[PDB]
Amino acid sequence: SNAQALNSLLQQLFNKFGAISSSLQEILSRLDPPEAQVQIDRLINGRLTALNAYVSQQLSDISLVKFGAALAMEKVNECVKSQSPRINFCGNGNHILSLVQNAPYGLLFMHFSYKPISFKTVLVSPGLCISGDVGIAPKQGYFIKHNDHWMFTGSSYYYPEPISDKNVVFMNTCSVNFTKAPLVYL
Amino acid sequence: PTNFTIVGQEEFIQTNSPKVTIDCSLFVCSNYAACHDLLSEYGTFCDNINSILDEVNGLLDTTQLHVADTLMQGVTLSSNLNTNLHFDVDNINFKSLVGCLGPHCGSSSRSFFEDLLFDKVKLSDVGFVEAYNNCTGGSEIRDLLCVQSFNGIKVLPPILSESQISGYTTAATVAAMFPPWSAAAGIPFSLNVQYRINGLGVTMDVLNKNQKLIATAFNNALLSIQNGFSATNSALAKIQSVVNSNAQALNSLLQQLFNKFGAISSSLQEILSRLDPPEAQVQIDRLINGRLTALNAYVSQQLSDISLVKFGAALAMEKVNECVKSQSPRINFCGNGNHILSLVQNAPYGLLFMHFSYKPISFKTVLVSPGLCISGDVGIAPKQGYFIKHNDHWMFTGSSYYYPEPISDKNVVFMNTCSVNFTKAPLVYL
Amino acid sequence: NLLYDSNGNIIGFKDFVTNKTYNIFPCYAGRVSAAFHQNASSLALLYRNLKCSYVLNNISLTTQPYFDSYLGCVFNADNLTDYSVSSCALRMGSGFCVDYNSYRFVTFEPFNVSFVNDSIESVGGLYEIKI
Ligand SMILES: *[C@@H]1O[C@H](CO)[C@@H](O[C@@H]2O[C@H](CO)[C@@H](O)[C@H](O)[C@H]2NC(C)=O)[C@H](O)[C@H]1NC(C)=O
Ligand SMILES: *[C@@H]1O[C@H](CO)[C@@H](O[C@@H]2O[C@H](CO)[C@@H](O)[C@H](O)[C@H]2NC(C)=O)[C@H](O)[C@H]1NC(C)=O
Ligand SMILES: *[C@@H]1O[C@H](CO)[C@@H](O)[C@H](O)[C@H]1NC(C)=O
Ligand SMILES: *[C@@H]1O[C@H](CO)[C@@H](O)[C@H](O)[C@H]1NC(C)=O
Ligand SMILES: *[C@@H]1O[C@H](CO)[C@@H](O)[C@H](O)[C@H]1NC(C)=O
Ligand SMILES: *[C@@H]1O[C@H](CO)[C@@H](O)[C@H](O)[C@H]1NC(C)=O
Ligand SMILES: *[C@@H]1O[C@H](CO)[C@@H](O)[C@H](O)[C@H]1NC(C)=O
Ligand SMILES: *[C@@H]1O[C@H](CO)[C@@H](O)[C@H](O)[C@H]1NC(C)=O
Ligand SMILES: *[C@@H]1O[C@H](CO)[C@@H](O)[C@H](O)[C@H]1NC(C)=O
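Chains as they are written, first to last, in the working numbering: chain A, 1 to 186; chain B, 1 to 430; chain C, 1 to 131.
Keep in mind the hints are simulated off the structure, nothing from the lab.
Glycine residues also receive a C-beta, built at the ideal position from the N, C-alpha and C atoms.
There could be a bad hint or two in this list.
Covered by chain C, according to a simulated footprint, are these stretches of chain A (three or more residues, beta-carbon under 8 Å) [unchecked claim]:
hint, segment
1, 150-160
2, 172-181
With a straight-line cut-off of 25 Å between C-alpha atoms, the simulated PhoX-like cross-links for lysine-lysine are [as the list claims (entries may be wrong)]:
hint, chain 1, residue 1, chain 2, residue 2
3, B, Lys383, A, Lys166
4, A, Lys180, B, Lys410
5, B, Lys383, A, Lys139
6, C, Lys130, A, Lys139
7, B, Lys260, A, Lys16
8, A, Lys81, A, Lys120
9, B, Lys212, A, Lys180
10, A, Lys139, B, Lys410
11, B, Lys209, B, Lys364
12, B, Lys122, C, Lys130
In isolation and in its complexed conformation, chain A is listed as follows:
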């Protein structure tokens, strides 16, 4: 784009703009100065208009690279040096981390993400209601049945674990549509 803009700006000197010649040295002996002034005025006006248009285009384009650099600074601050609780900001998916490298007229970010490859269908429950009429809800995961026992599993990997106090949230009153299990004492 820069090369095309420079070429378009350079090609403006070869136009006539309504005059009898595109060059300035050509009309200096074949025409009198009182008659060459009008011919030079057209070229001057055309070249000034072209320069003004180029200046306006450049001033309009600078804001885009300014916003891009601001976004790059924010990305370096919130994706490289640290990880902020923002979804689909650094990359697209389960973001882990990112690295930064230098790129011609910019920067290059390399984001690493967690992608599953095999799935397994299971039956889950959003929460349980246990003996003291108390509700237990998984923090990040689900409650499943394994070997006729209520166990806990993660939301991104299938690995049955025993229910403990470090992976559940307690509530004094359980909801109306919670699974009743008056045998899980915790």
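Got chain A sorted already, so can you dock chains B and C with the ligands onto it with the hints?
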């Protein structure tokens, strides 16, 4: 607070913009050979204008594709899911926010909400198509769009129709209400609302006892947002503003073809039929200069205006990412006040967000303590709430709902040394 | 004897020898859209917002296949709007595209939702989820 309710707020964010194409030769000249021979001297303005217009039109399509990709990042629906009899779960009515009408679940993606929103403005892409299809045939009045299309100015439709964005918004809305719920971290909608309300400082008991009231308040807020369009709302004004501005710009550009610009007439036919060739080439030059100046001004204005809608679409993408599919710890970002959640719908040239907020209605004056110092000279501070004294016994209460609870280890923060301005209570053992 | 608009145009007319009121409209001076692929030799023509009869009777007369689409009249392309393509290089508008294999007028569906074969109801308070 001792009593609360749920309110709703609407917001419109512009994403796209009408694509305008101008024919340089047909605008400056018209079926005249002398005009073309004289314009051949300025052999760079038309190509530059066409290139700038193409570069402008390409980025709008790119941004629309980016928004379409953002709306359906991780949407996963079920095959055994039809919208003809599945429209309410957990006392939440959302029939007016889903499409998928018919056996094929296609060709009709706009719901009742989107239909009511689109029935206000007629100059949409389908509107422009139906207007341009009426220029050839009929003895009615001559519309301005037809006289603009015959001079070079024409509005082209985007690469993606509104019926496709509607089908994407419908899927994004459905994906948050049926298993698998791949829009709320894998939890049901009612439990998600309950957790979002509890995260503000509200106890779980009042939420479990008043689930039907919360559902009724949510439905009432949705109905209010729905029927609050037949008024002077700012969303409809913002929607009509872009269309009015485009129409005014097109009219101002068309009116530039009837100005003398210092010549003897505004028509080349009157000049080429009354003046001799060697002298008639003076007024055509002034006309060409004026028309080229007008075209350059319009191109500059359009190029300056496009960046605004580009940044608006970027903000809309960020809002969709951080308010609809997930809730980020950011205050006053999605909406003003205690934000619960947000829904997204399509709108003429952009998106419409509906944010739901928690609003108290009645308050009670109480006495609170920022912390306590107990037997082992050990300090205890509330997690999210306050410490009150009820029936001559220190207990804990929330910061958004007055409900006393006994002090336990699940709502306190311990400190090996208490501050100097903590209430001395050497009778509380933990 | 004449009727003008609110801008300075001419819409009316009255013949003083026959006492008849006429109207004035400008005829078609539009443009044509041409889609071209570097592997082919011919072109795919599109006359926007025009019926094929108006093109064949007033604009020109060709010996190429033609049909009517939602955007206009299409020349040198068959009607295969029931086939979707994810990646397209010839975008025409309103969710349509021109593919080459011979030009075909197809739809544009770049994004689709992943479908899963699981139930949506809760039996015994449990849901079916893939982990
Ligand atoms: C608890 O589960 C029951 C059973 O699914 C729910 O009752 C259904 O609710 C939906 C939505 O209001 C209705 O369309 C059905 O007709 C109801 N079925 C029956 C048998 O009542 C109930 O709404 C759920 N409650 C909560 C708080 O989630
Ligand atoms: C072009 O192809 C489409 C799709 O094959 C045709 O649309 C079908 O037309 C038949 C006959 O009128 C109907 O029975 C189908 O229901 C239509 N299908 C759809 C998806 O619309 C169309 O008629 C063909 N011709 C033209 C000029 O569009
Ligand atoms: C809260 O307000 C609603 C509506 O005014 C009322 O029905 C309800 O009884 C109130 N709750 C309490 C605890 O006062
Ligand atoms: C086009 O003309 C027809 C003539 O019957 C009319 O019914 C239709 O409403 C017109 N459409 C527009 C957009 O003016
Ligand atoms: C037209 O109308 C005028 C006034 O009514 C009348 O004088 C004239 O004779 C009419 N011309 C014809 C051809 O009928
Ligand atoms: C034509 O298509 C073939 C197969 O896709 C490809 O190998 C070849 O380079 C193409 N030719 C041109 C001129 O693009
Ligand atoms: C187009 O051609 C048809 C058929 O010859 C004719 O009836 C009609 O008047 C023509 N229209 C124009 C504008 O020439
Ligand atoms: C969905 O889109 C992808 C890429 O756009 C494509 O490969 C796939 O075939 C599409 N699936 C359907 C069912 O259209
Ligand atoms: C979906 O699953 C059910 C039960 O597991 C099975 O009967 C049916 O054939 C499956 N359908 C497809 C398309 O896999």
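Taking the hints in turn, this is what the structure says about them:
Restraint check on the segment 150-160 of chain A versus chain C: 6 residues with Cβ-Cβ distances below 8 Å, three needed, restraint holds. For a cut-off of 8 Å, the count of residues in the segment 172-181 of chain A with a CB near a CB of chain C stands at 3, and the three-residue condition holds. Between the alpha carbons of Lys383 of chain B and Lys166 of chain A the distance comes to roughly 18 Å, so the proposed pair stays at or under 25 Å and holds. Simply put, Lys180 of chain A and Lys410 of chain B have alpha-carbon atoms about 24 Å apart, close enough for the 25 Å limit, and the pair holds.
Distance restraint check for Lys383 of chain B and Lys139 of chain A: the Cα-Cα separation of roughly 18 Å lies within the 25 Å cut-off, and the hinted pair is therefore satisfied. Using a Cα cut-off of 25 Å, the hinted pair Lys130 of chain C and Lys139 of chain A holds, with the two alpha carbons roughly 18 Å apart. Straight-line distance between C-alpha atoms of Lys260 of chain B and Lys16 of chain A comes to about 23 Å, which keeps the hinted pair within the 25 Å bound. A C-alpha spacing of about 36 Å is found between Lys81 of chain A and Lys120 of chain A, which places the hinted pair above 25 Å, so the restraint is violated.
Distance check on the hinted pair: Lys212 of chain B and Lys180 of chain A sit about 21 Å apart at the alpha-carbon level, within 25 Å; holds. Restraint check for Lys139 of chain A and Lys410 of chain B: the C-alpha separation of about 15 Å stays at or below 25 Å, so the hint holds. For the hint linking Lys209 of chain B to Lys364 of chain B, the alpha-carbon distance of about 21 Å falls within 25 Å, and the restraint holds. A C-alpha spacing of about 45 Å is found between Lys122 of chain B and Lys130 of chain C, which places the hinted pair above 25 Å, so the restraint is violated.
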